[PDB]
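One protein chain is absent from this view; the other protein chains keep their places.
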Amino acid sequence: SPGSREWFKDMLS
Amino acid sequence: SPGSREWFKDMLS
Amino acid sequence: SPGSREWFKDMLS
Amino acid sequence: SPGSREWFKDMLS
Amino acid sequence: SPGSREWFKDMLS
Amino acid sequence: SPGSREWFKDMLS
Amino acid sequence: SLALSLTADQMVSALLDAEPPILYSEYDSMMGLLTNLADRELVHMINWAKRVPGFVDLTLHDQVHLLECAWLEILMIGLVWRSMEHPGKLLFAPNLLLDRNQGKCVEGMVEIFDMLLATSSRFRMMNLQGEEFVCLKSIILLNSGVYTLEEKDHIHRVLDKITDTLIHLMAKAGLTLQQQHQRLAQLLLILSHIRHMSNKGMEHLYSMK
Amino acid sequence: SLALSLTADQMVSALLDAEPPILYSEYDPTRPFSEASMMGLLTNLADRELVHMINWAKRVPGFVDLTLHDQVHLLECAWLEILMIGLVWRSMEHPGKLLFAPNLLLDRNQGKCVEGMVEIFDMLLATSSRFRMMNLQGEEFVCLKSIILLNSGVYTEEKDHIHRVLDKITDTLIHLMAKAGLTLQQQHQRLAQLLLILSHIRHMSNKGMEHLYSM
Amino acid sequence: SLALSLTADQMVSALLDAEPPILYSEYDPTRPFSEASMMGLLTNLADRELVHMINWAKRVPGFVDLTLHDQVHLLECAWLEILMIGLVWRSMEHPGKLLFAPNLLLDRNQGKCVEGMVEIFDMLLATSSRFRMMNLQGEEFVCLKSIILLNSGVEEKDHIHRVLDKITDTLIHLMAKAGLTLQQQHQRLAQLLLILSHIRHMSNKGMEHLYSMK
Amino acid sequence: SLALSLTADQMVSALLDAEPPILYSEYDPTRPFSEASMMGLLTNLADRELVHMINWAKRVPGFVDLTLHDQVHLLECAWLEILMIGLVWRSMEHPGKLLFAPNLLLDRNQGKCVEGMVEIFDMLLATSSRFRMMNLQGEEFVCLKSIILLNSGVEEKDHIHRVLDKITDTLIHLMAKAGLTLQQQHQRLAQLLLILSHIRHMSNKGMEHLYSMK
Amino acid sequence: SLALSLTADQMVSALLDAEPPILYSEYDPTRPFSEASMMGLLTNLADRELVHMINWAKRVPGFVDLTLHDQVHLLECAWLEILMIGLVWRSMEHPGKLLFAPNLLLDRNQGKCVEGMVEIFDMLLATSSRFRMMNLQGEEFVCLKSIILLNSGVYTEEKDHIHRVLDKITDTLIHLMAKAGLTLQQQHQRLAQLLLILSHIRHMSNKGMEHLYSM
Partner (left out) sequence: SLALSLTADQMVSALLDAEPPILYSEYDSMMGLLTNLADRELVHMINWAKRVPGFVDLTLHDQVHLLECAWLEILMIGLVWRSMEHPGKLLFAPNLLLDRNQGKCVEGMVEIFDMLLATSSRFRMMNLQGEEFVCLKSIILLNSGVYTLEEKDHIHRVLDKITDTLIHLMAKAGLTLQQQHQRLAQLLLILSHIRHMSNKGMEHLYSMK
């Protein structure tokens, strides 16, 4: 979900 | 066909 | 033959 | 459903 | 078919 | 109990 | 030019004097008898035409054209005239009087027969006179092929003379001006029916050749 | 009966008011005529004019008083004559040409496109020429066309009614001519010239029907 | 191009002179309508009108200056809008009815004969009533119909744009000559052109209906 | 009604002040578009814009004078035309592309991602280019968008008609103030309103496309 | 490295230029709030702001120099603090209210719509009040928000880089205050007052995360 580690990682790369 | 007896009759009544 | 163009021509001259 | 008559009615009243 | 592109083209040329 | 609001109040007056 | 100077009475006289004789049917099929008669009447028609005032002023070409157009109409109006006193019958000749049911002899003729009988009935109802009849027959001769221009102008003046002559006859008989115009119209409309019957007859004749 | 009560001026008005619409033709104007396409074009036009002819006939004084049987008979007999006189009228001011429609003007050479049609064209053209040279008036034209309707089948008491109607149209023609200033002699001469036209119209109709049957 | 040299009076005169004929319908008047027969009649009429539309379009100033390709495109996109504006025009004197032809006047209840058609009839009737209420003139009508043709479908100004500007000038001229104030002229110009949006809409719904029944 | 007492300056000021916010898009920028995801993005955006359209419409002079029924009808008929004119406006500075949002700029080749959509994209791009070529002003844009709302769908003049006349006056005022001659003013008014026909057309094609994919 | 070469004025410009868009909310405005609908509304807004936060973070001087792992870590730690400081900033000129969006302005009583939320609202409101009373400037705000990004996860050589970036933001805050005319004593006092705010922002984020987990 938005704000999670995996979400940030997905969004950042 | 147009102009025949039956056509005139059909068209007139 | 009677009534033909040629016949009329011949009869009228 | 946004844009439907019923949706517009709901949103305006 | 009247009104089609091809019909208009035929009629204009 | 130590660290409670009431305990602090009692200790500070 | 001689024609254009005749009085109405002189025109009537000339037309009456030009009348051909009545022929008897003669034996060489009903069509055979009628053909025999018609071909004999055609010979008399030649000399009749030449005695119609104005006709011989025309060129040979124009005379041939007019007769070629009108001959069957002329035969038919003659037939109708002599059948007038014979209700329901056609008097082809004095010795050849046919009723409607005898017309069925030739495949096709009985359509023509009924039309001729209805026209003869009209003549009877109008009480058509001989002097009027001869005027109509001469109009057919000069009119039927006429639209197809001095020679054709001359024809129109002769046609106007014959109209004058018809009116003279009606006035003399005591018809009012209104009656004269009405009767002139009634008589000329008959020529449309005579054309029709000739066209139908000519169709029949050509198809059996 | 209304028809016999009409004055001559009322008859003219009624006949003028009865006139059918002038019809236009449709065709590809970038495509040359063939025998099939020209005959198809004239057939199409005639068939459409026949529909409008019915509405006109019903407005001709006296026609609607007749029985259905009599109406059918008169129209069945006269229709091609009625088409042809209309054609001749509209061609009057176009020497050498037949104005089938405002957008379909044909000359005699174009008549050769259909086998046997040029002979009919020539007859129609000579009749239109006659009209022009007589200076036929529109009021006379409508009288003549209605005479065709009432006369062409009139032999083949209700028949006495048609004859009184036909007599009224004659009165109407003479009235128009007297109003135009023609002498008595000129009135009877022109009445005859006009009625003799109708024998030629009948002839052309018969030749037309014959041509239609053969194809 | 000659079209762009026309005065307002000459434009009006050219557009009036280009008008196609008013077409009559043919049908057996003793037989009642069916869905098939009514749609059949309207289809036959439209197809005849299309033939005469071609002759009309070629007489609209500017149209023959265009390439064949552009002429075909404008007509292919505009023909139903052009039929509809004509219908709405000839219906003005017949409230509640549509005068398809002088001998074919159909009221709204007759539109229900053809599935879906009554929605179109009601839009056409409202448009006709709007033109009546505005007292649309024949000279204004011919300007609007040519605008439809030229504005059909979807360096500063091409030829079509320049011709459309001349038709605008002509509409304004007509209004000025009738005594309208400048404010009234601009207001009426706007009212008329806004109705063209509704005519586009009705054409789109019509083409939909025609494509779905084919 | 107060709306009909507004001066041209007050109308412009009210319409500028009614403008909705410019919406941003949200997406994973490291994931490529698919048909599903692009249509999904455009659908999400449109649906957000519809919410803000309601607040905008209530601020258009005259709109709240209407009954609830009339308000609903105008919006139901006009909403896609309103989205499209907005899109075309914000795309003017981006030839060959459509600026759906400040962070969502799509070129014509990207429109092919969604079956059928590229025909709509091309119409929208041409309209945007036309507005650019005309140097459409923001004040003119807001007048046109309100015209769309009020002219939506299909005794002398009802309320809507009277308000539309005031917006016409306002457009002409804007043109006059920019120094256009009277002829230029009427020509530009016509050019602008004719483009509304094309916007109607594009909306009809869009609604078709949306209904057929549902 | 660009970040360490920026003058203080360039740092301010870059931080101001990095700012995310102000987001609007969507909801039925004729429908009253419930606990579910209000929490749904704030969740929706936060989730959208998170997307735009990523684009902002990448424009913060120094951030993009870090590894992916470090970027994720700092954002994962700081995001709710970043949302809350932004919320407090935009509420500054609205005493008693929280301006979630320009069309979503809520007071503390509306916070009671969600169980346990009013306590958080009160903390946010006291912080916004503190901002107002300090007359916090937008240039200071952008410095503080970027300090949160770089600091909140900075314990949990590339770490020495972040610390030099953090020192530059401190230099930037002092520059802004000196330019405003504050004395040396007022500059260090205000630097402290501003940085102590960040301990309260951390506290509110922790309380927020706790509330989010419990529901």
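Which chain is which? They are A, B, C, D, E, F, G, H, I, J and K, in the order written, and residues in each are numbered from 1.
In the analysis below, a residue touches a chain if its C-beta (ideal position, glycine included) is under 8 Å from a C-beta of that chain, and two chains touch if they have at least 3 such contacts.
Trainee: Out of K:36, K:126 or K:212, which residue would touch the omitted chain in the full complex?
Mentor: Touching the chain that is not displayed is residue K:126.
Trainee: Using the touch definition from the top, which of K:196, K:212 or K:215 touches the missing chain?
Mentor: Candidates K:196, K:212 or K:215; residue touching the omitted chain: K:196.
Trainee: For the chain that got dropped from the picture, name the residues of chain F it touches.
Mentor: Residues of chain F in contact with the hidden chain: 2-3, 5, 8-9, 11-13.
Trainee: List the residues of chain K that touch the chain left out of this view.
Mentor: Output for chain K: 122-123, 126-127, 129-130, 147, 151-152, 155-156, 163, 166-167, 170-171, 173-174, 184-185, 187-189, 191-193, 195-196, 198-203, 206-207, 210.
Everything that follows uses one rule, which is that only the chains that are shown with their structure count from here on.
Trainee: Note the shortest touch-path length, in steps, from chain C to chain J.
Mentor: Shortest path length, in steps: 4.
Trainee: Using the stated contact rule, I'd like to know whether J-K or D-K comes out ahead in C-beta pair count.
Mentor: By the number of C-beta pairs in contact, the winner is J-K.
Trainee: Looking at E-H, A-K or D-K, which one is a repeat of the B-H interface (more than half the contact pairs shared)?
Mentor: Interface equivalent to B-H: A-K.
Trainee: So what's the Cα centroid distance for chain A and chain E, whole Å?
Mentor: Here the centre of chain E sits 59 Å away from the centre of chain A.
Trainee: Report the inter-chain centroid distance for chain A and chain G in whole angstrom, where each centroid is the mean of the CA atoms.
Mentor: So the centroids are 115 Å from each other.
Trainee: Listing for chain G: what residues touch at least two other chains?
Mentor: There are none in chain G.
Trainee: Scan chain D for residues touching two or more other chains and write them down.
Mentor: Each of 11-13 in chain D touches at least two other chains.
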